[PDB]
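*Asks:* With these hints in hand, go ahead and build the complete structure from the sequences.
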Amino acid sequence: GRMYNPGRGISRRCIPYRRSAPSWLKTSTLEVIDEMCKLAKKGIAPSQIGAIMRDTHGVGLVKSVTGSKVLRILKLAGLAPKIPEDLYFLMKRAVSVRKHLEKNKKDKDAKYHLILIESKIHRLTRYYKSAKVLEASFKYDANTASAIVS
Amino acid sequence: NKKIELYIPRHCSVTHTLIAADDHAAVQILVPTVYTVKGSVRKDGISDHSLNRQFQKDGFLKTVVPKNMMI
Amino acid sequence: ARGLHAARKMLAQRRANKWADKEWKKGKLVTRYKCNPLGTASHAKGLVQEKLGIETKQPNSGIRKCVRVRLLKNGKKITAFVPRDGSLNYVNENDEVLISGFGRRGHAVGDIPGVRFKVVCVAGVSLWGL
Amino acid sequence: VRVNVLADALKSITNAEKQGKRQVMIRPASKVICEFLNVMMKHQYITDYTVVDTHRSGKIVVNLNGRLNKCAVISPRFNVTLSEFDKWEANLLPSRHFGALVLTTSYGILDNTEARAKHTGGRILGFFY
Amino acid sequence: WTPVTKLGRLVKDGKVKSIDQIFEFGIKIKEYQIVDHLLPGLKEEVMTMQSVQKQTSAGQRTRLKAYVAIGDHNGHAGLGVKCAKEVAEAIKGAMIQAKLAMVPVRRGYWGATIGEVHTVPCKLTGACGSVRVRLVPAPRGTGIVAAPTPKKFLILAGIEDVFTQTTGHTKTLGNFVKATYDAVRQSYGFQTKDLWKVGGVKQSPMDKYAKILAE
Amino acid sequence: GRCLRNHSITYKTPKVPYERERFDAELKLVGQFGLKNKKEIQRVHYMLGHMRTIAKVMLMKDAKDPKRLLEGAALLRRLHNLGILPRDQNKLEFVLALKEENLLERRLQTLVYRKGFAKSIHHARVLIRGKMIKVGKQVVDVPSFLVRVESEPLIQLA
RNA sequence: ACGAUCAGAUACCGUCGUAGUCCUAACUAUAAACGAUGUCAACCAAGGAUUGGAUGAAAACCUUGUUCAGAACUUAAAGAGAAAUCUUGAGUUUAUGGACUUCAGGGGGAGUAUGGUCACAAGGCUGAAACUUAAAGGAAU
RNA sequence: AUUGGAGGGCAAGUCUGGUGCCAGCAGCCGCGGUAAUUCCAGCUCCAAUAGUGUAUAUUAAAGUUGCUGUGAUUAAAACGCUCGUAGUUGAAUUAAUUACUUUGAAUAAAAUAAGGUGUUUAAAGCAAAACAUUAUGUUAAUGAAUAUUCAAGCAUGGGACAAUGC
RNA sequence: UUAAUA
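Chains as they are written, first to last, in UniProt numbering: chain G, 2 to 151; chain U, 4 to 35, 48 to 86; chain R, 2 to 131; chain Y, 2 to 130; chain D, 37 to 251; chain F, 2 to 159.
These are computed hints drawn from the structure, not numbers from a lab.
Some hints could be false.
[Unchecked claim] Listed next, with one range per pair, are the computed distances between beta-carbon atoms:
{"#": "1", "chain 1": "Y", "residue 1": "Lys71", "chain 2": "F", "residue 2": "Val143", "range": "52 to 62 Å"}
{"#": "2", "chain 1": "D", "residue 1": "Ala120", "chain 2": "F", "residue 2": "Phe24", "range": "32 to 42 Å"}
{"#": "3", "chain 1": "R", "residue 1": "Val31", "chain 2": "F", "residue 2": "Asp25", "range": "49 to 59 Å"}
{"#": "4", "chain 1": "F", "residue 1": "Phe24", "chain 2": "Y", "residue 2": "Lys71", "range": "43 to 53 Å"}
{"#": "5", "chain 1": "F", "residue 1": "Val17", "chain 2": "D", "residue 2": "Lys244", "range": "48 to 58 Å"}
{"#": "6", "chain 1": "F", "residue 1": "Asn82", "chain 2": "D", "residue 2": "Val237", "range": "48 to 58 Å"}
{"#": "7", "chain 1": "F", "residue 1": "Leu5", "chain 2": "Y", "residue 2": "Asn92", "range": "34 to 44 Å"}
{"#": "8", "chain 1": "F", "residue 1": "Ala75", "chain 2": "R", "residue 2": "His6", "range": "37 to 47 Å"}
{"#": "9", "chain 1": "D", "residue 1": "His109", "chain 2": "R", "residue 2": "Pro114", "range": "52 to 62 Å"}
{"#": "10", "chain 1": "R", "residue 1": "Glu97", "chain 2": "D", "residue 2": "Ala183", "range": "12 to 22 Å"}
All residues carry an ideal CB built from backbone N, CA and C; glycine is no exception.
*Replies:* Here it is as structure tokens:
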């Protein structure tokens, strides 16, 4: 089930049993990389980059065409964001809730959910530090995250 | 000397388990071959279907049990 | 904690849960040396000072003859039964007696109203053979 | 969460046989699950099994024939010395001729009988009557 | 005498020569005289005489409840319960009930096939109320290591050697015997390795002699 | 411990003091063998229990274990020479089938009554205690003397 | 505080009525805070209906097929239990071992005394012993 | 030949004399208010026996301290609920240490187990002899291989299940 | 409307 509430949903995606590109797909890796490269320069999350390729270019799985994942492609081009995408979006929500909390001091449900969100951040930050993705000098602070997330 | 077993117990033709001496719901159907059904199977509402698989296996029925169920 | 490396909590849980044993805690905590008139000793000696008779419980009737004893080792004052028939007439005053327990029953035992000790000697031999 | 996949598999197999089911399905497949089934086949407790590949640690389907009373896994796999064998069999097995333990050893996953023959101990996995 | 059921008629005519034939096909025994014919000279032993009481407007109604165990010393046993106003009749009434409640007792060896059969083949557990009785196979020398109440029953069943481990309110005499009778009852229902072979096909005595019984 | 020597027990009291099933069974053995008290029955049970324990220990081992071969043969050899176990039964499984009557039927009191030197099993005890019976070369006054097979035909009056 | 009732009525019944009941800020941290049922995970007998989706058919609303999630309900000769009863478990347990945490050890004394700590206070958290007693208790006839 | 007992647990008296809810017995249930199976005695037999009762404590019984192995709806017992560090537990997958496992090395006896040995048996002792009729000879006679043995430490074969790899 | 105790 979900980490923090008793909800239990199994809404997933189903990768097909075909690790190679489909027969009808003809675009080579050069077009896929540059099309993905241009999207990264526009400030788009890697999760959304793949969706745009799937919806518009019909490249539903990039690993089936180029042999490497989106993040690996972006790292090679150097366009991977310094803050990991999943951690970045979590700190974007913590900032947004906090801003609402400044004017609405009596909201006791927003204080609870802000606590849950920040606990998630400390879980992800700890993991990424063991994975050497984030330097050990990194540390999440409310007075600082408002600027970097912005 | 004397035989070490009182008797050799019957085997249910469906679940391939022994028929206990106290199993007073176990039946025996003679098709002019012997079929044994354990009492637990009968009370569950399945012995009719289980016999259909066995009857179809031996040829007494042909177009009752579908192929995907013929196990 | 049923894991292979979870021996710290399993051992520590039995230490804590063992203190709830009424029969086991009583024999370990420091009360046998302060709250027990007899002490660890099986038998004790004392001086008879008063001849007493205690009425029995409600479903019984009669007077339980007994004696009041002042022990030597501690100096406490107790009450001691006088076993079988007519053995109180054999017990004199200001003499040494041997006092020795009873079973333990529901704590108290056989002279009913709170007595838990029985006179086994009168200086002499026995408040049996006597 | 799924801590022991083998525990999930053996509970599925035991539950299926108590209901008299013909074949059962196990969703997560492992090497250890396959080895445990192979030991049970050599003693003719299960007819056979097939492994489907789902690219996602695929599934196993096991065919049962009225013979497996109970197969259960043993929680934390104790380091079983060779001298501790008969102590374990006296506890877990019905008699001296019926059942068999399962142990993981450097020479593979073996039951108690041939592990005794090969003169090797190891962690205990489970048993079956 | 004067049989009513088929099995009663068959045994009176001497066509079912062995009680094991009845147990083979799981036929219910409804006349205690059937067991008397097939198992002559059964030893007897009365477990207890417990008196129950029912409150009434005029007072209490005391009845005597008898637990009697029957069974030859060669692998058969039976337990029956009956309550009545008289001790003499209650034993007789429970005497009947014990005979219809005959069950086969499967016993085996400990480590080798040398001698005659003495002990249970595997581990069995009685499933009475709070009482639960476990039987473990034992070597030749050890007797029936058990409380007197199930030791008396296990002696009749012919189990010379066994180990026992009881659980529950074993002071309840009625459930203590009932738990032992239950563990013994399912001895032949537990499929061991030697029973895998399906054996041969046997004819039921009620089908082979169906014609004569009608006539 | 305080003494440098060794002292060991030879019998054990039963767990349940009062049973009618046990009382008559012991009396059957007392009458059949003329024993002084139940302490002599208990010694036989203890002695039998020791050998039964030994055989039971090695029966759980493998057949070809060197430990089993050394102890199993030694236990059987001691049994054969004592006369308890007949020579035909050379398997450890026959030790578990032994009973207290087998050991009791090898006391010197039993043999001299069976050999006909005394009229009754009680007369055998009196004859033994009176230094009247000799086994080979040395007189014996202890009726618990368990005679070996080799000393079995060497029993005669004094 | 009155008036009734009653032997008495400081109560139930009626009339009046202070703190309180309401909002803001700060304390308090306890309830039969209950599903008297810890959290996570696997397997699991027949149904009919309902809440929110997805997906076919039938022209948002409604009637149907499938499937995912949620609060429930009915049947069981089956499993369990001391039984009542439980079945989206209280099942898969003497055939005893999926992972982790908390709690209990006959009834009283007693959640009391003392010590420590938190609070403005009432109180909360931790928390015995002496002594006493063959029963107290649970489900059912 | 004594010690304890003869209502049940627990083998043994519905025998006779006194006692009259008194004296008392009674580890627990309980028996005694004048017809006591339980008091005090007489006779008898019940158990053990040169031992047998009592009192305190250890162990088993106790699956009433739980690793094997308990219980938590109602009997006592799921924190009011969520977050959370240490701790514990962690999906499938690959044809340098540690842990695990097998053999050993080394390690005081006594003790435990166990090998031999007629202390007349036995507990013992590690001696005595079996026969050589023994000085001679077995013989330069036995010393149980005497095995242990857990937690560490040392070496060795294996790498399945695991931890730190880097 | 009132109805306590053994």
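*Asks:* Please go over all the hints and tell whether each is borne out by the structure.
*Replies:* Hint check results:
no., hint, in the structure
1, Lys71(Y) to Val143(F): 52 to 62 Å, "57 Å, holds"
2, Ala120(D) to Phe24(F): 32 to 42 Å, "33 Å, holds"
3, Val31(R) to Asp25(F): 49 to 59 Å, "53 Å, holds"
4, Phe24(F) to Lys71(Y): 43 to 53 Å, "45 Å, holds"
5, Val17(F) to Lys244(D): 48 to 58 Å, "52 Å, holds"
6, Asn82(F) to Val237(D): 48 to 58 Å, "55 Å, holds"
7, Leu5(F) to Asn92(Y): 34 to 44 Å, "41 Å, holds"
8, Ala75(F) to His6(R): 37 to 47 Å, "45 Å, holds"
9, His109(D) to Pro114(R): 52 to 62 Å, "57 Å, holds"
10, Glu97(R) to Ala183(D): 12 to 22 Å, "49 Å, violated"
Hint compliance for this structure: hint 10 alone is broken.
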